[PDB]
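Given next, in structure tokens, is a single chain: the form deposited in one PDB entry.
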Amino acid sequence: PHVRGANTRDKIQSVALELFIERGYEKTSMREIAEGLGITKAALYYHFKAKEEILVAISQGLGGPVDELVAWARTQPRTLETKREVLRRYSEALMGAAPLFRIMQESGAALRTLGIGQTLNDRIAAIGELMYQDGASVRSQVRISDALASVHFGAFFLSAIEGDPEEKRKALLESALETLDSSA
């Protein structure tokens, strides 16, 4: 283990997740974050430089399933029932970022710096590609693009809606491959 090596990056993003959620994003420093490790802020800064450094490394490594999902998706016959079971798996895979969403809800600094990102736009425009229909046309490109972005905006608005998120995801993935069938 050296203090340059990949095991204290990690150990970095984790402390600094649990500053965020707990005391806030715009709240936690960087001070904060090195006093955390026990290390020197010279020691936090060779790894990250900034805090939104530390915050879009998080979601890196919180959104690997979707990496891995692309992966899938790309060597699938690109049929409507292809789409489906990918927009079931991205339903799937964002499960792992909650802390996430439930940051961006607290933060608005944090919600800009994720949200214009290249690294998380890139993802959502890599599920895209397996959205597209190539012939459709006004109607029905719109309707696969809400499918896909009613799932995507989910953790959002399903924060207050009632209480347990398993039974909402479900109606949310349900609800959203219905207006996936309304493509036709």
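C-alpha atoms forming the largest set that superposes within 1.5 Å between two forms make up the rigid core. Numbering follows the first chain given and starts at 1. Compared with the form deposited in another entry:
Comparing the two forms between these two forms on the rigid core, the single residue of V56, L158, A43, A149 with a CA shift of 2 Å or greater is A43.
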Second form
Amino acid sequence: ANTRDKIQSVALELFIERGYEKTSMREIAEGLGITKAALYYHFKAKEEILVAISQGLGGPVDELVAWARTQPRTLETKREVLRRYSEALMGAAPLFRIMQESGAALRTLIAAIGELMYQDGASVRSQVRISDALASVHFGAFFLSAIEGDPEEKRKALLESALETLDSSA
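Any chance you could show the form deposited in another entry after that form deposited in one PDB entry?
This part shows the chain on its own.
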């Protein structure tokens, strides 16, 4: 759907520039131009568009979950899941940025991945460190913004630290 993707692209451009709290359904309707008439055919609420942006950008995450269903429950699998999850959240970097600025977007807003990381019967220390490594990559986009440096250089250094934590669970 080219029109439905164009509604998301215009709204995402305004959420980055103007903010999710400030962007109105009228503003995005004006930026859509002629495609304004297709807006209310796909969505009816601004929250409905933000969820659709999260659904589209969460594409590589859904493939990662389905791929991990067919992997052995080993430490190497957890590490490959953690590396691919870091690359999957790449496209959601602007989405994390509007959450830290808009309180309602954070309220509007991984368990399947945790189920694959979870080791049944493992020690509480090992299980906490597995969740620590997963949370370090997940919430990483929130605090990496304040750090000065190349976004890719910071993402890889965080993934390096998370993997060390993941290895400490064994």
